[PDB]
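Asker: Work out the full structure, taking the sequences as your base and the hints as a guide.
Single-letter residue listing:
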Amino acid sequence: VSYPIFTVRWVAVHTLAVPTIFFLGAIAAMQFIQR
Amino acid sequence: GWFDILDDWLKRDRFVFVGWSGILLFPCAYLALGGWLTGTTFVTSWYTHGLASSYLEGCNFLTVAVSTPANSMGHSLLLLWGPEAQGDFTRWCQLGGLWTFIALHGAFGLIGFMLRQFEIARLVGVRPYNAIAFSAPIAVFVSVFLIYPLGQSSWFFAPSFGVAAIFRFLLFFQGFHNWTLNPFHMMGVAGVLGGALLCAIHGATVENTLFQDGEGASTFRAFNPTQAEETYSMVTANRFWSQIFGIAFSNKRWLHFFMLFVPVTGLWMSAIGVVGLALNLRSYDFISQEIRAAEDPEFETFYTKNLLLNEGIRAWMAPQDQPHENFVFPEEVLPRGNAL
Amino acid sequence: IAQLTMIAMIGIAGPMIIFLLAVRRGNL
Amino acid sequence: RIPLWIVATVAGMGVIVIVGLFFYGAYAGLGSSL
Amino acid sequence: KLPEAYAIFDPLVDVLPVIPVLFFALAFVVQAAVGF
Amino acid sequence: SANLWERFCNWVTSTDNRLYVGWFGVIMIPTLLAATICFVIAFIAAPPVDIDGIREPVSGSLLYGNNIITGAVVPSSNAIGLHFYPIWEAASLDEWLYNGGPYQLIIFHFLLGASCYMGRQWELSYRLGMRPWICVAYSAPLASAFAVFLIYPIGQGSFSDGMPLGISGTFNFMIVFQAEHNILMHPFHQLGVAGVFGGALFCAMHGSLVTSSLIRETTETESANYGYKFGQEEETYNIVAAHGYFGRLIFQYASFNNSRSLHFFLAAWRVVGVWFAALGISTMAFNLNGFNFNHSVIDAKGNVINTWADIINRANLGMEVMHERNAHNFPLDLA
Amino acid sequence: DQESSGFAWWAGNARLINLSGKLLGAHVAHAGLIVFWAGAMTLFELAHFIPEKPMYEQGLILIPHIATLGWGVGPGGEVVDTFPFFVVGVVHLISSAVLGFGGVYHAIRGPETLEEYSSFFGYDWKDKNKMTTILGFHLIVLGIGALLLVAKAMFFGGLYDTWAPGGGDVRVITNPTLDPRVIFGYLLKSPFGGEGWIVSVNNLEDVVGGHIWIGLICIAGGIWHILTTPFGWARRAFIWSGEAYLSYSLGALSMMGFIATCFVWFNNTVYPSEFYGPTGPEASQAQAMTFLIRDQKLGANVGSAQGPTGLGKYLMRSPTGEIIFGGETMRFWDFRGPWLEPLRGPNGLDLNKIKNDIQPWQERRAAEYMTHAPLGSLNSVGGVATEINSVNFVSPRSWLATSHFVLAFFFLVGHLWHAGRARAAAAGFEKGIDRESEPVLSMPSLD
Amino acid sequence: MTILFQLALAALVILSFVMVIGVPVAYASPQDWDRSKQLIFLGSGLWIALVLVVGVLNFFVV
Amino acid sequence: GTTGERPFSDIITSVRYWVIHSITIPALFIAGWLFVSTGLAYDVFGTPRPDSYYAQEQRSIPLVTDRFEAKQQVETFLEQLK
Ligand SMILES: CCCCCCCCCCCCCCCCCC(=O)OC[C@H](CO[C@@H]1O[C@H](CO[C@H]2O[C@H](CO)[C@H](O)[C@H](O)[C@H]2O)[C@H](O)[C@H](O)[C@H]1O)OC(=O)CCCCCCCCCCCCCCCCC
Ligand code: CLA
Ligand code: CLA
Ligand code: CLA
Ligand code: CLA
Ligand code: CLA
Ligand SMILES: C=Cc1c(C)c2cc3nc(c4c5[nH]c(cc6nc(cc1[nH]2)C(C)=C6CC)c(C)c5C(=O)[C@@H]4C(=O)OC)[C@@H](CCC(=O)OC/C=C(\C)CCC[C@@H](C)CCC[C@@H](C)CCCC(C)C)[C@H]3C
Ligand SMILES: CCCCCCCCCCCCCCCC(=O)O[C@H](COC(=O)CCCCCCCCCCCC)CO[C@@H]1O[C@@H](CO)[C@H](O)[C@H](O)[C@@H]1O
Ligand SMILES: CC1=C(/C=C/C(C)=C\C=C/C(C)=C/C=C/C=C(C)/C=C/C=C(C)/C=C/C2=C(C)CCCC2(C)C)C(C)(C)CCC1
Ligand SMILES: CC1=C(/C=C/C(C)=C\C=C/C(C)=C/C=C/C=C(C)/C=C\C=C(C)\C=C\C2=C(C)CCCC2(C)C)C(C)(C)CCC1
Ligand SMILES: CC1=C(\C=C/C(C)=C\C=C/C(C)=C/C=C/C=C(C)/C=C/C=C(C)/C=C/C2=C(C)CCCC2(C)C)C(C)(C)CCC1
Ligand SMILES: [Fe+2]
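Chains as they are written, first to last, in the authors' numbering: chain F, 11 to 45; chain D, 13 to 352; chain Y, 19 to 46; chain J, 7 to 40; chain K, 10 to 45; chain A, 10 to 344; chain C, 27 to 473; chain Z, 1 to 62; chain E, 3 to 84.
Bear in mind the hints are in silico, worked out from the structure with no lab data behind them. Do not take every clue at face value.
[What the hints assert, rightly or not] Short, incomplete list of chain Z residues facing chain C, as computed with Cβ under 8 Å:
id	residue
1	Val23
2	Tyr27
3	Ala28
4	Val51
[Stated by the list, open to error] So the derived list for chain Z, only partly shown, Cβ under 8 Å to chain Y, looks like this:
id	residue
5	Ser16
6	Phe17
7	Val20
8	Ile21
9	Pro24
10	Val25
11	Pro30
12	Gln31
We treat Cβ as the ideally placed atom computed from N, Cα and C, and that holds for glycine.
Answerer: The structure is reproduced here in structure tokens:
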């Protein structure tokens, strides 16, 4: 059929997937903060 | 209607259940996961322990922890908008705060989640019992993250929300509360430990007394999701241990129940025990010995021999663990054996 | 210094055989 | 449409590459001891 | 430090050992493509 | 009869003797019978023991001043360490007594017959004709008991440092360890506390659900537990109405419909973590202690920023220092 | 063999136990990673090896073995030829291709069934003789080099001998051991502290000397089984099934690996310490040695110094041998190494010697071993449990002895699960328990 | 020789990286078991030969 | 049980998933990175940067003394503090 892109299920799976990569990028970034 | 519309909706299936409960479970529980996470990644914990608590500071997985409020606050909920912080998300992030946050928001996540165990349970025509068993942690988390601290001096001495920072929580007890030697805690390990076996055994004991009811090398598929058919001969059971251990778990209602008990119970015995530690009521004591420890300088039990380890754990860590006391121990005062 | 780029190729050498096998056929 | 395995391995390597970065990062990373 | 004339390859010599492992890895990639 | 042993042969393997006693049986059965007997007494009434390398006798008998918790039968002394100190090598019975020879007996014995129980743990799964990946579950256990009584000793060279048989003794063996191995910071023990905690959580989970979807057969006056007879043909629980619940309670697919798989998950989790753990001790047995991040986090000038592990380590020194005061006659606790 | 008519994916390799193995090639397949691994790590090792830095100080697990065989070492444990090491890994590595190049084939394009191509000895497990004869080959096979070593030991260069006169030094084993009492006697030797049945081995004369005895003893077995069929109490006793064969066989490793882990932690002979670290006991004995000197050299009498406990600091007394270093160190009065034996005596450590014949070359080797001790964290920060990050070093012995135990352990777990499932075919209840014909639901109730 | 060698050895590697991906796809796709058979013998002797080449080559630059 | 919410394999294997995302995923990976690089994350959460944990000379710890006039403390520390 045609199941929406804005699913209950989705709101959740997102609140996580957005930060995670936001964080993972933040961290991969720190990996070099010498001095 | 008007209510039932809210009900009707939020109540039916849609994969990730969201219920009357969810309203407090999901929000509190979320923030909570976040609350701990943000700290480990970005928030520092220096202004409370002079200790680094974030990847950003250089800490690792086992290092990162979301501090705990300086002994200057005590038990003040330390509010973001409260007199102490005054909605200054950087200072409020600095005076620790996230703690009371993570802990309080969290404290609900549990309340909330257990409810959910009820909600989904009363809706599916089952016995809530699962929801009950779940007290097991609430009691722990309550006593160990709120009660104990609330009983001591400050939110400070409360758990740490760390990996190692939490290991400190151990030793520190062993060293000061000498918890290790506290009956209540004992049943606490008597249940967890005792239960784990119970788990690992029923799990395997079952697997082996499995009726070959499939064809070949995959007894994992041969099982019927559809209907009633004892998959593990309960008979090949008892007549097994009855002869190998002397005893037979004859019945499955009790077996699959006694497993509910074991843990949950011990946990409580733990939560009680720690409640003790709240008001420094601890099992360090053991007079009968110590009284005779005075004289007979030559009589020695492990108890004492152990108790001594503790006495070292104090003298050395207190100064750096409890910074707000500005302890000072000259080279001499420190207890040590001949050698190191 | 370079070490990294040259490791890259070898690492993706294996899934590439799976790919070159997907397209052609066999194995099954 | 896109084959399922092909998304797993490339998704995986990332975890194995990103995670790998993290281990290097502990040697020169601020948290090293130098 | 390998013989002077090999200077060029410290980079690979560096990786060669990872391979062994790599095999248990691939073993999965295939098993996945072959839907188990 | 052609030979009278013929009957001995079927008896040992009597698939119907109240208590099965296999071929392992014939060794287990007494190895523990002697092991236990020495024990029960050593506790009730046994002299002190010089344990540590010196002549500081540590008392561990109820009749010598022990509460049930302080109780413990002590190890062999750093004097013997690994040499075999059996009851005959000692001159006067009292020598064996003092130099702590019961230990070896008790330890060596159970620590042995234990394994045979592990064998006879499976020997019944053969005479009974049941899949036998059961005896293995038992390993993790026996591994540890073996680890804390046989590896670590061979590791540090003396039975001296092998979890002393007694309540407060363990606590000791422990606190010390942390100090010399930072075990708590060890990746293995983790995976250990991992499962144990898990199993203890799963043990309450799987036990929870079953009783939660138990089924019908009772009044309110009657004991709901009564609704079942040994040798039922169909299970008492309504699995569908269980997964149908638990599955739902967060995710639906992170749940088990495959009873065979689930009961299995219960097996392996506890049993696998416990192994790592059993290996953890056995790992640090030869000094590959837990992690260590002391002074690993520093600022510009080099002024050192304490890691939350530096406290771990602080409380660790407090331990290092005291343990075994008098013997340690040198700077480095190289054992 | 596809899915159905096979096992699940995780039990993949089981469908290869069906018919006649499509590939020996699997076994050969990896029989390569194993040889290739030497090719990589060996290259990798030398790839990081400096000649001055103590071999054990530079995570050298692989390289130290070449040295122990007499290659690239000579006087002291010093490395003169960076070449020989390089050689061996280069070879193996390359050598692996052929091993893999073939296993890789045998598994996909050759006879998916060598049961039929059979002929050449061939395939089928129950076939009681094809198996007696096969192992038979691999028996001449091993003993083959038992001599290979004896050669390196007696005809190509020799081995490294720390005991060897002068001092550690590449030496040629001239006169191996005859007497069977000795070479065999070890097995009958104590298992416990004081005498490990395998481990206890002072010199090479008994090693290479013993190996000889094993080459022939082992060859005599391949020659043997290859020619005959196993007796009837044998058949009667042991289950025969491809699996069951792995089952046994596998638990020879388990045991053996422990025998290694228990060996690499204890011997200074076959593991010189100039290539591996100083052995655990050696350490806490080395400390002793260093401080016995520090004070004696500072002006203390040592021998007659009453220690804190009541025993004596520098010198103490053991029950059987009268004299040894005292501390907590006692546990290791069984330790023997060339760096401490000169200062030995009839009754034990000699006061007269230790007092004046204790030379300098010892205080410095003694101090290296006091420091470099088998103590470190996974972190790899060598030292006490609670040391600052700085000097890091983890003894080859740590890794070696540790690993093998966890593996050898795990294997023992294997010997079980493969015996547990195999002893099961023996009656057929391995698939499960038949719902209408179970031994128990039809048996005299225990009571 | 010192110059020739480095191209000689680096050849052997681009040939093996090749030789590798090769045979795998080969035994896999039997459609050209008949033609690729030779793409497999191509590197082979040239590979073995290329190794024996690095042969007398290495005992010449160091 | 009867389940009917928009399937997963669908989209993880979907052509659109990879096209909307390919570009946006690293947008977060990058976003986080920048958050660290600018060095704002620090000022964001007070978290000091290695360059400034202890003042230059002093050896003591900038510890919050009184829960009510704490805001001041922090400052007066962050103050004299570089
Ligand atoms: C007498 C009857 C006893 C009854 C016991 C029955 C119990 C059932 C058995 C199960 C476990 C107990 C068995 C003990 C075996 C362990 C070995 C041991 O303890 O004996 C100790 C000895 C140590 O040898 C050392 O030998 C040293 C000699 O070396 C020194 O001197 C040498 C020259 O003489 C060299 O110079 C060298 O450099 C120098 O260091 C010293 O003498 C030491 O005192 C001495 O300890 O080890 C060895 O040689 C023996 C090696 C055997 C292989 C064992 C492998 C590892 C053990 C794993 C256990 C498996 C069980 C697991 C079950 C749970 C799940 C798996
Ligand atoms: C670890 C070593 C190892 C080895 C030697 C094998 C070997 C085998 N497995 Mg197997 N397996 C393993 C690990 C291993 N497995 C693991 C860890 C798992 C868990 C996922 C499995 C799960 C599994 C399943 C479910 C099945 C097998 C099967 C098989 C057999 C069929 C092989 C085949 O069809 O390949 C096909 C090869 C391809 C599709 C392409 C792979 C290309 C490889 C062969 C070349 C790589 C070489 C290298 C990269 C470069 C060298 C090139 C050279 C010319 C220089 C074969 C005996 C099958 C069986 O039942 O056999 C009867 C089977 O159904 N395995
Ligand atoms: C016989 C097994 C064995 C043993 C005892 C060692 C031992 C060692 N290796 Mg090593 N290695 C091995 C196999 C082994 N390796 C193989 C097969 C490879 C090819 C992939 C390598 C590739 C390699 C490299 C590149 C390096 C080493 C290095 C080292 C040294 C330091 C490593 C360390 O401290 O990290 C400790 C590592 C861990 C604690 C890993 C954690 C284990 C987790 C993943 C779970 C493991 C569970 C399981 C039971 C154990 C698996 C066994 C192992 C083969 C993986 C140490 C002497 C370092 C060195 O000394 O340089 C000269 C180094 O740079 N190794
Ligand atoms: C490691 C143990 C091992 C064992 C027991 C076997 C056993 C076997 N292999 Mg084999 N193989 C191995 C390793 C092994 N291989 C390795 C490491 C490779 C990598 C290439 C191969 C590559 C290979 C190929 C391509 C073939 C076999 C084949 C065979 C079977 C033929 C038996 C025969 O009569 O050969 C007897 C061989 C000798 C006595 C060696 C003679 C050496 C000289 C005199 C001439 C050999 C040619 C030359 C030296 C180089 C070989 C070129 C190559 C095309 C053969 C036999 C079952 C054949 C097969 O299909 O079996 C069904 C086959 O076509 N193998
Ligand atoms: C390499 C692997 C290998 C494998 C799997 C086998 C397997 C086998 N061999 Mg064998 N063998 C091998 C290598 C191998 N062998 C080698 C390298 C040789 C060189 C000679 C031999 C020489 C050999 C001979 C001469 C014989 C065998 C036999 C056998 C079969 C019976 C063995 C048996 O079950 O022992 C079980 C034995 C026991 C459990 C002994 C228990 C009794 C104890 C108490 C002995 C008493 C100890 C005594 C006091 C001395 C010390 C005791 C203690 C203190 C240490 C079996 C198939 C027999 C067979 O039937 O055909 C060959 C046989 O006669 N083998
Ligand atoms: C895949 C992981 C792995 C890795 C990287 C290693 C690596 C190593 N093992 Mg080893 N091992 C492993 C798994 C591994 N092992 C397992 C699962 C077992 C069974 C428990 C063993 C049992 C074992 C023993 C008994 C010994 C080793 C030894 C070694 C070292 C020398 C290799 C060797 O012996 O070359 C070729 C063989 C030799 C140099 C000596 C042969 C010993 C004689 C022939 C008895 C039989 C050999 C043994 C049983 C075969 C295993 C060889 C190994 C390559 C797997 C090397 C560091 C040796 C060591 O301690 O360092 C020198 C050693 O004595 N291993
Ligand atoms: C070893 C520690 C331990 C962990 C971490 C753990 C974790 C969990 N247990 C659960 C369940 C259970 N545990 C149970 C009994 C037990 N559980 C035990 C021990 C643990 N249980 C022991 C003590 C008993 C043995 C029986 C019962 C049977 C259940 C449930 O059935 C339930 C389940 O079905 O699991 C599948 C899950 C419920 C998820 C949830 O409520 O989220 C929703 C709401 C949450 C969790 C938000 C809470 C936010 C609060 C806690 C903030 C805390 C933030 C910090 C603590 C994070 C710091 C992280 C560190 C690194 C410092 C899961 C969270
Ligand atoms: C095999 C898997 C099977 C199952 C078991 C697997 C067990 C794996 C354990 C690994 C856990 C720790 C990882 C190593 C730590 C490391 O090293 O990475 C650090 C942060 O880690 C991390 O951020 C740990 C990430 C874990 C967060 C999980 C939160 C749960 C929510 C996820 C929701 C997803 C939808 C980053 O480095 C740290 O910080 C750096 C500064 O940038 C320093 O330089 C140091 O490197 C310091 O270590
Ligand atoms: C260069 C060279 C070479 C080559 C080789 C090879 C052959 C390699 C390899 C390779 C490989 C081949 C590697 C690997 C592998 C694999 C992979 C790459 C995989 C994967 C991945 C991933 C990430 C995954 C993931 C996952 C998940 C998600 C979960 C589970 C499943 C899976 C696994 C899928 C050598 C060394 C010979 C030497 C000479 C030259
Ligand atoms: C705090 C805060 C908040 C929120 C928050 C948040 C948003 C958080 C977050 C977040 C998150 C949510 C985080 C996290 C997560 C995740 C992640 C990022 C992860 C991780 C990691 C890692 C590293 C991992 C790894 C791994 C895994 C995953 C598993 C397996 C193994 C491995 C290794 C692969 C609030 C609003 C309340 C308030 C304000 C502030
Ligand atoms: C796992 C498996 C597989 C495969 C494979 C195998 C198993 C094996 C093997 C093997 C192999 C895969 C092998 C091999 C090889 C080869 C090699 C490894 C090579 C080479 C060479 C090299 C590496 C070299 C290099 C060089 C030279 C040439 C000289 C100078 C130096 C240099 C470095 C330049 C699969 C996944 C399919 C499945 C089944 C089983
Ligand atoms: Fe159950």
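Asker: Please write out, lowest number first, the hints stated earlier that are contradicted by the structure.
Answerer: Hint 5 contradicted; others consistent.
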